[PDB]
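Trainee: So the chains spell out like this:
Number of protein chains: 2
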Amino acid sequence: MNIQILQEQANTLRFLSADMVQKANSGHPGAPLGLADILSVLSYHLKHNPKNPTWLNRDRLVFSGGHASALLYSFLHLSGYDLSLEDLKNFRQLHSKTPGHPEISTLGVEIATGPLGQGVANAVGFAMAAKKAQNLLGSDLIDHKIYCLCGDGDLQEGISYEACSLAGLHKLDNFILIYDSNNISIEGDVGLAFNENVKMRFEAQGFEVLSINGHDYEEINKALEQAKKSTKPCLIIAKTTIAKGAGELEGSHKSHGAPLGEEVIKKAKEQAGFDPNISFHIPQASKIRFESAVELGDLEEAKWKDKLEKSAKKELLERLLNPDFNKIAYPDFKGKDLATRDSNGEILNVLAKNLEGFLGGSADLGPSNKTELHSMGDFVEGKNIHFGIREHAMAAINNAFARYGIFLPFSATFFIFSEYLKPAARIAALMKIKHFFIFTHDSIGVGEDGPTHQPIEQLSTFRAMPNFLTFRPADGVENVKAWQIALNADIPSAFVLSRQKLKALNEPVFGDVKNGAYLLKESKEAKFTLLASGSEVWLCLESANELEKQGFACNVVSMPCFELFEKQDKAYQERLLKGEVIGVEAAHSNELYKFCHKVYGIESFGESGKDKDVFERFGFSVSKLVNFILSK
Amino acid sequence: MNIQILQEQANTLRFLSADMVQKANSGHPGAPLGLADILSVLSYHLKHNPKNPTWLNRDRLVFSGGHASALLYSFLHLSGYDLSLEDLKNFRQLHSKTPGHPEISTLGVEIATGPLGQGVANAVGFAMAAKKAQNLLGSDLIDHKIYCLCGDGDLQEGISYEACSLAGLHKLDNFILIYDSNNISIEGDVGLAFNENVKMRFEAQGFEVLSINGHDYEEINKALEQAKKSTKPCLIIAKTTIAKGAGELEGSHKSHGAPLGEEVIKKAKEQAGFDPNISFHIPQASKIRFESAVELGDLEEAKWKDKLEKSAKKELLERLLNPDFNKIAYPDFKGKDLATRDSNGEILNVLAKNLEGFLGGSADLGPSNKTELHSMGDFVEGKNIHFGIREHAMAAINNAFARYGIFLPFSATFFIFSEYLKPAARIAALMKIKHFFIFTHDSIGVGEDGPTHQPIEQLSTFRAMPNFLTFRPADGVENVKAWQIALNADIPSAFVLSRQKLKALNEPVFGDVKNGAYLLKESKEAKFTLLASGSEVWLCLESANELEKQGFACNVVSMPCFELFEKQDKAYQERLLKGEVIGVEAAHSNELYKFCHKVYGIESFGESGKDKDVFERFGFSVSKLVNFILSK
Ligand SMILES: Cc1ncc(C[n+]2csc(CCOP(=O)(O)OP(=O)(O)O)c2C)c(N)n1
Ligand SMILES: Cc1ncc(C[n+]2csc(CCOP(=O)(O)OP(=O)(O)O)c2C)c(N)n1
Ligand SMILES: O=C[C@H](O)[C@H](O)[C@H](O)COP(=O)(O)O
Ligand SMILES: O=C[C@H](O)[C@H](O)[C@H](O)COP(=O)(O)O
Ligand SMILES: [Ca+2]
Ligand SMILES: [Ca+2]
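Quick mapping for you: the protein sequence lines, in order, are chains A and A'. A prime marks a further copy of an entry chain.
Going by PDB author numbering, the residue at position 122 of the first sequence is 122; the numbering climbs one at a time, nothing skipped.
Going by PDB author numbering, the residue at position 249 of the second sequence is 249; the numbering climbs one at a time, nothing skipped.
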């Protein structure tokens, strides 16, 4: 560790980064160049095994500014991860291992980032998950750091303030946030839009705050040493110059998100002692020094495994890594009329009791969501997490819990406020993580709180999002079967649940919940099929009885999951969907015309009133539905 | 102004509030009771005309905690607004003027609230809009205050931090935020989830901060006097007891959101000197004192109108209140190949030039959204607002600009990050305000930034949301026609625009953009119709040419707006949709099966690559589409 070697190392990172962006003719060179000194120093502090990116006690490194991806990739390559030099030359190209923003399919990447702010909240979540992991397994087995690199953009986003609020409350002294303060954003000078006292902000939220020159290697190093000893979450405010080293582009907003240009890169290389007429060059001293991470990380991981072998926590670690979902005896709700928020809360309790790594919480709505895990305690000693009124940060925190290595998290709010967390739900979907979203108060059935609290379009949003199952159970038995599927699935699930009591259904005639849609009633030479989910299934059963009394044969189909039904073969779909198919749901759900000739939904916003008065207004009654079906 | 009269007034507010919740058997009594002293005092300071709630220079009062609606309604009734005592007795009932959370259809309500945090950001927006209005009209005509009442829940939400950041930057010394600090939320003690140094937080964001007992009338009064003289945005931290006055329920989380109960209310009335055996009683002294707002507000408004009559700004105020959209000469883009982000930016420039009240901005993406209003200056002297990386607060700020009385705002970001502002977009829709949303980078056509930056489900979300038009123009001419409609509509609009160059279209054969979908190509005895929007229309035209060369008659339909097409009569729809209808869009857009037999979309997340490479991967080419259409 001297300035000559650190300068060479930083410059290696710069020029790989600049070269990759240039070859792609696409990407972000400014942040890589401005962060290269910091990352050079940090490489001396980071505990990780490049040959085993799943080591449980590794330091977790998050780049919140995912536009800095070339710098991440350069570092992974140089440190000995499975990412090659040819992969670097395929930056931002179709099917490469080096996409424009980081994806977890690239080994070494801790969490997908790209949408600003998410990373900061993910890093708090990794810090929380580490505290819980230490609670379970001991401080002899879990003692690592969480480092996050973030920029201006991250810290302007509301989710950053939400997550840092929590980091202070929970005294996350394993969390180190490094802010790249370069005074530049896409619109130019940061002062056009931001002039907060950042130190004061973060001190108000229980952080220790350091301020340094982010191009001074000894100051970077001293700050990391102090940060690692902090008794609070720590912020390093690192004043940098965007595109540091890039001559005429230093400090320019033009360096944020376009290639530096061939002549700029030649001049930069020249000034740094690099040969300007080659690219993708890795100097020898820098090669050896970065690659030393392989030997060092193998020995760190070895020492840890020896500690594990001595631990009384081995059998627990094995259960947490290999949960057995098949053994779980769920509640039997057959014939019981219940709100599905209540069936669901009973299931959450059964899960928490069977699965040592199953935990979660609500955004201040535990009592109403029915998500309290009874007699299981509060975080950190227990399992209930009190997120406060921070839907978005909750979901991003829980995305990190799902990535940590030993946890099965749930996030809960009212379905209408799913909108506050949807960007993080999207990241779960993109990553295909096991994170469960619990959304109660699913419809106009909410009643008196009125239209700001009555979902209308949210079912469409979640159905439309890739890599997500959206379950809307009609009763407790459906609610159990939705969970069985959700825990065995390869993608995240949402549970869309009622405030109000729903009527228990009879048993399936043909198919089941695993098929997405199934038959509850089947008639020969059916003239109509009524297809419904959740709270509307009983209406459809009553309506089909009235239509049969009036002389019309009907099928009734329960559709707890649209996405699973989309995967069924034509023969199955043809057996269910006979005659003229009518979809019925208390939502604005045009996607139902994939399967239905007519859809009886809600096209407007809701109304404040008693639940029964609001459903009648919106047409949800047997007499009205039957008149619709009979076109008169 | 003495303690006897203020006590009686506060208690009047309490017991109306408690009585309304009790009669409804639904609603939130805790906040009303805890805020009743503050609001009693504030009534002495508020400048407003109950008989003219549209007076432009009135103080704007926002209840961010919209669950406190009964207190708002009580105050509006007592002060002389058009809300009667019978309306109070119809709280939370279907079709009443007193819905569970406040709606702007109730005169006196400044902005709809209910989703927490929105109100705080709306109040910053009213403060910003007031500064701009003062810039335009003068400090002789605009000099009012903006008061916001908020709770724990509001200040935990990220949008609050975003909006307050801006309030400090812009030195909004017309903004007074009153925080009801009662240490209680739905999950119990606030310290379970929040322990920030609130004073330090807000000082970090450029506020002056006062701290008071919110049940001490002289302290409330002194703080309001000091706040009205502040040179910064001001926060009053008012320590209150939830359900103050309600005996055994004082300080209980159980008082947040359920009725207090008949016996509690009797004891409370008894302790306050009220007759316990009646309800909805308004004591005489309190009646006269609150109603004095009518005479006082008539004289305030009169004095203002005299100032206006003397002003050189009369003719401008009249133009701002009565814009003439019909006069506007838009750019002629016929035959010009352009990205629709670029056509759109040219239109934004034309609008800003013709409409003195048209302004807006981007969430740090002006250069990429193409939203800069050239030579029009920065806010406050000019029209370009630099929101920073604060999508949600931007939209909530702009909702308030749209409500202010003289402004036509736009908000802009990448379409993928519409998800960060969707809850405020929803409030625009609910209110039916004229607020325009500009969303560029609409598809996998984004290319290299990859799947976190490539919209897939967002078109579905916006189509599904009530009271919103979603325009996705295929060319600049469509882009102009979308604006003409948007400015004359009664609801908000979104503009979904491309990064990449689109090909100019020929003129309509039958119908036009105003019909939502129209014919570009029409063939007798058409076997197929290709229905598309935006970037996919050219693919469909090329494909229909190939299908005609292969001997199949085709129609081609451009669908710039799904919602307007849904409103067309059957005859129009039947003329367009001939044969087997195929919908084609670079989105996961199942709603297209409302009109299409087959849909050729994208069901997965995107990929990082060159735009041409990504569209080919996802099937968007003439050879692939034609093979799909021909089922082989
Ligand atoms: C939620 C969100 N909104 C907008 C963007 C587009 N974007 C990328 S970086 C950036 C701002 C510049 O940010 P900064 O963090 O200062 O990065 P630097 O250029 O200094 O590296 C923006 C607005 C995004 N990725 N995420
Ligand atoms: C965005 C959002 N998330 C959740 C809710 C549900 N909700 C209403 S009030 C409240 C919390 C209690 O808030 P506070 O502001 O402390 O109100 P108080 O009970 O003290 O009046 C919650 C979580 C909401 N209205 N908006
Ligand atoms: O503003 C949101 C409100 O607090 C809700 O009114 C309330 O918490 C819901 O109560 P319940 O569990 O009966 O639906
Ligand atoms: O992380 C988001 C990025 O900053 C975008 O890559 C960039 O700003 C887009 O540039 P362009 O105007 O060419 O699409
Ligand atoms: Ca920056
Ligand atoms: Ca509170």
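Since the hints were derived computationally from the structure, they do not count as laboratory data.
There may be inaccurate statements among the hints.
No copy is singled out in the list; a pair is fine if it fits within one copy or between any two copies.
What the hints assert, rightly or not - Listed below are the simulated DSSO-like cross-link pairs for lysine-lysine, each with C-alpha atoms no more than 30 Å apart in a straight line:
id, residue 1, residue 2
1, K336, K254
2, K336, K232
3, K598, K287
4, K503, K254
5, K612, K89
6, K503, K23
7, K527, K23
8, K171, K527
9, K610, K23
10, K598, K567
11, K131, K228
12, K632, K567
Trainee: Within a copy, between copies, both or neither: where do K503 and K23 come within 30 Å Cα-Cα?
Mentor: Classified as between; 28 Å across copies, 62 Å inside a copy.
Trainee: First find the shortest C-alpha distance between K598 and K287 inside one copy, then the shortest across copies, and answer within, between, both or neither for a cut-off of 30 Å.
Mentor: Close neither inside one copy (66 Å) nor across copies (55 Å); limit 30 Å.
Trainee: At most 30 Å between C-alpha atoms: does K610 with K23 qualify within a copy, between copies, both, or neither?
Mentor: between (63 Å within a copy, 12 Å between copies)
Trainee: Since the copies are identical, ignore which copy is meant and state whether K171 and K527 lie within 30 Å (CA to CA) inside a copy, between copies, both or neither.
Mentor: neither (64 Å within a copy, 68 Å between copies)
Trainee: For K527 and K23, with the copy left unspecified, which applies at a CA distance of at most 30 Å: within, between, both, or neither?
Mentor: neither (62 Å within a copy, 47 Å between copies)
Trainee: Since the copies are identical, ignore which copy is meant and state whether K336 and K254 lie within 30 Å (CA to CA) inside a copy, between copies, both or neither.
Mentor: Between copies, since 28 Å is at most 30 Å while 64 Å is not.
Trainee: Quick one: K336 to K232, C-alpha cut-off 30 Å, is that within a copy, between copies, both, or neither?
Mentor: neither (49 Å within a copy, 59 Å between copies)
Trainee: From the Cα coordinates, with 30 Å as the cut-off, is the pair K598 and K567 best called within, between, both, or neither?
Mentor: both (21 Å within a copy, 16 Å between copies)
Trainee: At most 30 Å between C-alpha atoms: does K612 with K89 qualify within a copy, between copies, both, or neither?
Mentor: between (63 Å within a copy, 19 Å between copies)
Trainee: Check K131 against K228 for me: Cα-Cα at most 30 Å, and say if that holds within a copy, between copies, both or neither.
Mentor: Close inside one copy (15 Å), not across copies (46 Å); limit 30 Å.
Trainee: Regarding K503 and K254, is the shortest C-alpha distance of 30 Å or less found within a copy, between copies, in both, or in neither?
Mentor: Answer is between; shortest inter-copy Cα gap is 29 Å, intra-copy 61 Å.
Trainee: With identical chains, the pair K632 and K567 could be close in the same copy or across copies; at 30 Å between alpha carbons, which is it: within, between, both, or neither?
Mentor: between (35 Å within a copy, 21 Å between copies)
The structure does not agree with the numbered hints 2, 3, 7, 8 stated previously, though it agrees with the rest.
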